[PDB]
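Visitor: Please put together the full structure from these sequences, using the hints given.
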Amino acid sequence: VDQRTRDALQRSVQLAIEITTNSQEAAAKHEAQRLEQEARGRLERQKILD
Amino acid sequence: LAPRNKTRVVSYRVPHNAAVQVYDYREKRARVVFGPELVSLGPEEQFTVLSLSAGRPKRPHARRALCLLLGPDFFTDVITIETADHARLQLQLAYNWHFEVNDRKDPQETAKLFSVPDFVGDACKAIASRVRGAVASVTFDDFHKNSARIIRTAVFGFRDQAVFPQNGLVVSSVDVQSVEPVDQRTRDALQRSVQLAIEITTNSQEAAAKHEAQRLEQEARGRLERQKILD
Amino acid sequence: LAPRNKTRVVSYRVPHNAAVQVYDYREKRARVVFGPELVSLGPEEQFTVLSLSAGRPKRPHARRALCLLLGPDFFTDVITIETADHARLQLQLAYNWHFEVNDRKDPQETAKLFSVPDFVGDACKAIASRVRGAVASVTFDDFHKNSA
Ligand SMILES: Nc1ncnc2c1ncn2[C@@H]1O[C@H](COP(=O)(O)OP(=O)(O)OC[C@H]2O[C@@H](O)[C@H](O)[C@@H]2O)[C@@H](O)[C@H]1O
Ligand SMILES: Nc1ncnc2c1ncn2[C@@H]1O[C@H](COP(=O)(O)OP(=O)(O)OC[C@H]2O[C@@H](O)[C@H](O)[C@@H]2O)[C@@H](O)[C@H]1O
Numbered sequence: 646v647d648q649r650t651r652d653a654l655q656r657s658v659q660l661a662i663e664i665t666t667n668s669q670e671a672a673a674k675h676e677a678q679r680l681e682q683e684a685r686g687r688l689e690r691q692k693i694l695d
Numbered sequence: 449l450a451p452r453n454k455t456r457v458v459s460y461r462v463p464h465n466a467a468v469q470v471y472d473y474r475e476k477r478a479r480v481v482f483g484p485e486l487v488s489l490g491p492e493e494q495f496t497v498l499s500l501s502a503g504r505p506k507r508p509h510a511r512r513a514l515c516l517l518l519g520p521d522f523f524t525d526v527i528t529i530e531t532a533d534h535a536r537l538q539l540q541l542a543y544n545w546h547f548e549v550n551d552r553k554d555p556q557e558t559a560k561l562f563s564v565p566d567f568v569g570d571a572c573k574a575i576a577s578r579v580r581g582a583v584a585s586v587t588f589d590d591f592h593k594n595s596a597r598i599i600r601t602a603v604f605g606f623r624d625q626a627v628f629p630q631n632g633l634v635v636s637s638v639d640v641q642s643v644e645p646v647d648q649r650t651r652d653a654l655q656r657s658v659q660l661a662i663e664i665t666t667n668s669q670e671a672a673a674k675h676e677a678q679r680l681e682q683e684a685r686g687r688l689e690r691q692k693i694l695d
Numbered sequence: 449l450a451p452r453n454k455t456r457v458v459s460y461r462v463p464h465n466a467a468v469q470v471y472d473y474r475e476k477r478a479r480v481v482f483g484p485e486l487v488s489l490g491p492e493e494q495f496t497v498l499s500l501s502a503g504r505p506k507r508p509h510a511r512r513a514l515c516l517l518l519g520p521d522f523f524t525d526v527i528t529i530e531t532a533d534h535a536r537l538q539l540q541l542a543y544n545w546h547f548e549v550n551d552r553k554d555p556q557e558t559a560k561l562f563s564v565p566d567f568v569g570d571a572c573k574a575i576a577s578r579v580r581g582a583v584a585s586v587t588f589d590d591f592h593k594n595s596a
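Protein chains in written order, with the UniProt record's numbering: chain U, 646 to 695; chain Z, 449 to 606, 623 to 695; chain B, 449 to 596.
You may find that some hints are simply not true.
[Unchecked claim] Dumping the calculated DSS-like pairs for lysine-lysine here, alpha-carbon to alpha-carbon at most 30 Å:
hint, chain 1, residue 1, chain 2, residue 2
1, B, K593, U, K674
2, B, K476, Z, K553
3, Z, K553, B, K560
4, Z, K674, B, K593
5, Z, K506, Z, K454
6, Z, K560, B, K560
7, U, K674, Z, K593
8, Z, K593, B, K593
9, Z, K476, B, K560
10, Z, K454, Z, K476
11, Z, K593, Z, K553
12, Z, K692, U, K692
13, Z, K476, Z, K553
14, Z, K454, B, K454
15, B, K560, B, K476
16, Z, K674, Z, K692
17, Z, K553, B, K553
18, Z, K674, U, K692
19, B, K553, B, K476
20, Z, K454, B, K476
21, Z, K476, Z, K506
22, B, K593, Z, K560
23, B, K593, B, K560
24, Z, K593, Z, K506
25, U, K674, Z, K674
26, Z, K560, Z, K573
Derived from the structure by calculation, the hints contain no laboratory data.
Guide: See below:
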């Protein structure tokens, strides 16, 4: 009934879609860090071989 | 436009999938006929008018009509439901339906299709309550990713047929065509998400190109130092 | 332009891939005929008008028509779907379709093609729901790379 209760539930949407896109961004950052670490390890192994 | 003749027998041409039930009030015999046949009223036979539901938001009293189609049609209804994260969103279902008649010459089963007066409103609310009860228990991410299993195996959860034993109406698989949110704030935070998704996509592409360029530069540098040692 | 003669028998020239179902209301016999034949209505035979779907965004009531083509045609429909990264995008499908008739002289199977009144709207929504349900579960990169 209340527009205050219909606004706090709205604020909740954002806190839900905000933590959803934050989890997506954090998972993308962790995958990018893992790929960067793998590429860096391959680069240092190839530099030691060179 | 032209006024009808009151003397002539009232004849209604029933289509092959539609069905009309006539009440012969003189002998209190109710018969329902379907097929290519045009039904002819007697001295006191009267049609069964069905105040159905029509339109997009499914108004409860519209499309009044003598016939009742039993063929595989579909009615599209917008339903505004709320998820478990209090992000309300309006969505559409196709509602593929057909009346399943086991025997077409049975005075009781063929007249059972005219039990509920508004089968389009009843089949919309009975499938709107299920959708609202099944989506409000799951979050926005699980509903936006998997929007079809929890609306089809939930609307008619374990079987693929949503039978209605009041009138014999079955409902086939429901085909969603929009899961668009109501709020423009929710339609903007999902947009911001596009960029964070296309931004991390082009960042992964740029990082992979940079790592491949660094690997090729290191290989060329190692070949250059080996050739310089040989020189 | 010219007004038709109400006396003359209503004849409709059916094309080789189209199909018309006529309801002989006088004997309650429904027959559906296809081929090069022009069908002639009797004293009470009436055509099966199909309120189909037409246009790009596939409006549900347009192109009303007596015939029903069974040949390998295609309808193009724009569908606006959302990916798993909340990046909604509108896309088009060709929808190559044809009616598969196992036997062309069967009173039941040949009349089964006129069961759904709007086969173009039903075949668009049934294929739009599948596309929206299959693309919303996969991300933008996997959909833009492997879109087929
Ligand atoms: N006189 C009637 N008697 C029995 N059933 C009817 C009648 N009129 C409509 N119905 C059923 O109720 C449904 C109500 O549909 P609407 O909400 O009016 O139209 P919509 O839901 O936007 O789309 C339905 C679509 O399905 C096709 O059958 C039809 O060509 C239409 O485009 C119809 O699809 C039809 O199957
Ligand atoms: N009277 C009819 N009876 C039966 N089927 C029909 C009828 N009219 C159209 N159809 C089918 O429904 C489809 C609806 O098509 P539209 O949306 O009107 O046109 P579009 O989807 O833009 O393109 C279809 C294209 O396919 C070709 O068959 C046709 O030449 C057209 O260019 C048609 O392609 C046709 O196969």
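Visitor: Work down the list of hints and note, for each, if the structure agrees.
Guide: Verification of the hints:
no.: 1; hint: B:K593 to U:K674; verdict: holds (21 Å)
no.: 2; hint: B:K476 to Z:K553; verdict: holds (15 Å)
no.: 3; hint: Z:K553 to B:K560; verdict: holds (20 Å)
no.: 4; hint: Z:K674 to B:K593; verdict: holds (20 Å)
no.: 5; hint: Z:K506 to Z:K454; verdict: violated (35 Å)
no.: 6; hint: Z:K560 to B:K560; verdict: holds (24 Å)
no.: 7; hint: U:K674 to Z:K593; verdict: holds (20 Å)
no.: 8; hint: Z:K593 to B:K593; verdict: holds (19 Å)
no.: 9; hint: Z:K476 to B:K560; verdict: violated (35 Å)
no.: 10; hint: Z:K454 to Z:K476; verdict: holds (23 Å)
no.: 11; hint: Z:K593 to Z:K553; verdict: violated (47 Å)
no.: 12; hint: Z:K692 to U:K692; verdict: holds (16 Å)
no.: 13; hint: Z:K476 to Z:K553; verdict: holds (18 Å)
no.: 14; hint: Z:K454 to B:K454; verdict: holds (24 Å)
no.: 15; hint: B:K560 to B:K476; verdict: holds (17 Å)
no.: 16; hint: Z:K674 to Z:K692; verdict: holds (26 Å)
no.: 17; hint: Z:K553 to B:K553; verdict: holds (25 Å)
no.: 18; hint: Z:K674 to U:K692; verdict: holds (17 Å)
no.: 19; hint: B:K553 to B:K476; verdict: holds (18 Å)
no.: 20; hint: Z:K454 to B:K476; verdict: holds (25 Å)
no.: 21; hint: Z:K476 to Z:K506; verdict: violated (34 Å)
no.: 22; hint: B:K593 to Z:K560; verdict: violated (53 Å)
no.: 23; hint: B:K593 to B:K560; verdict: violated (40 Å)
no.: 24; hint: Z:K593 to Z:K506; verdict: holds (28 Å)
no.: 25; hint: U:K674 to Z:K674; verdict: holds (16 Å)
no.: 26; hint: Z:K560 to Z:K573; verdict: holds (20 Å)
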